[PDB]
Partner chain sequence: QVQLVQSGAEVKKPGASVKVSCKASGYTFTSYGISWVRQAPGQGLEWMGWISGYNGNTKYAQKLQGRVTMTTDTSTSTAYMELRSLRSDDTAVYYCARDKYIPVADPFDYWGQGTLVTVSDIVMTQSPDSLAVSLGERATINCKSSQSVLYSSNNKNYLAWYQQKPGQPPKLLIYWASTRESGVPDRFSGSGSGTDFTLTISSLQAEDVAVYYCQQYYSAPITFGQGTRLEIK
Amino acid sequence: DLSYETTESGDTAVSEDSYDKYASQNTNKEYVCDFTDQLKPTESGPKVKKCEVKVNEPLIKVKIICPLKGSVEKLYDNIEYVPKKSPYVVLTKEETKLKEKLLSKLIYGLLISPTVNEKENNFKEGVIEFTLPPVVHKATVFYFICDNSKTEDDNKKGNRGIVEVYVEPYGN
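Using the sequence just given, produce the structure of the chain by itself, in the form solved in complex with the partner chain.
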């Protein structure tokens, strides 16, 4: 459990990356933050891409898609994902201080399946997922980072993707 400080945390500009919500698989609703084409080194980088998900209903599925080192040549070679053990570990902003916490201890009753579509549920595989429980007693905000800001290609530097999850109380 590492408490966290990133360098160049706020000497950067914020573009709000909107999520895509897909509904009705078998009465499944899924929120997705996809950074596949948003972290490539850019002339104006490094920038922050923030994808905020607000959830206030049960069994909501959250999916985060992040590019892999080596998926494209030289474009993601220094990409770093925080927490490395996501989605079992998440970031929280207690005080002004970023701290790693276990999600099941942050949301009582939340459970994680160790696989997503027959790949491991880790950012090493490019995707994490978690379904929020039938009841959430207390509101909580946690974060994930898919950081490519330390990557440089030519004079172009990559971006930092941030997913913020705001869980409102539900299940009364």
The other form holds:
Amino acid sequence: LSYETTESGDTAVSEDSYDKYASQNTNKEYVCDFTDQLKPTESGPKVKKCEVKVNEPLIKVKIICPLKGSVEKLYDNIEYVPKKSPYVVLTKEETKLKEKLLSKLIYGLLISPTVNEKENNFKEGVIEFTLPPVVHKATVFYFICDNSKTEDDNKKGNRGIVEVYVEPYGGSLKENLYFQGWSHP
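Here we have the form solved in complex with the partner chain; I need the corresponding form solved without the partner chain.
Single chain only below; no partners, no other molecules.
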């Protein structure tokens, strides 16, 4: 009866004024921190887009989302999709973000189940995954932290999205005696 379900959806408000941001890259750790950036300030929601760009091996990606009731009155209607992040990510096919699995999407990808003694999930605020040494095809996937239904003092929150764009990296098959095969990972 209980089962894993798939879902669709990109936005709930007008767009094309996305306000892109790059991720904060601390030398191998790429971070999208939404703690102060989604608090309700302007009347009406403002979509904010963090952009992670990966063209090198073993990049850790950390995404921080504030919790429901983490601070009083500011996150009473926060939502995060997908719920099983980072095991489930959002991918765009028909301009709708449909739920797909990250281990099918990049082959050989490993997800630690505990980020820092707490569960690797948005229930604990922060998700975190490390990309493998070789990715063979370019891949884009998405996460959403929607505070745009929270309203305090007649001001609505923000819809933050994370776009992880992985370029192909890892080099050619030959002249890589370590990742080639016949004895290897």
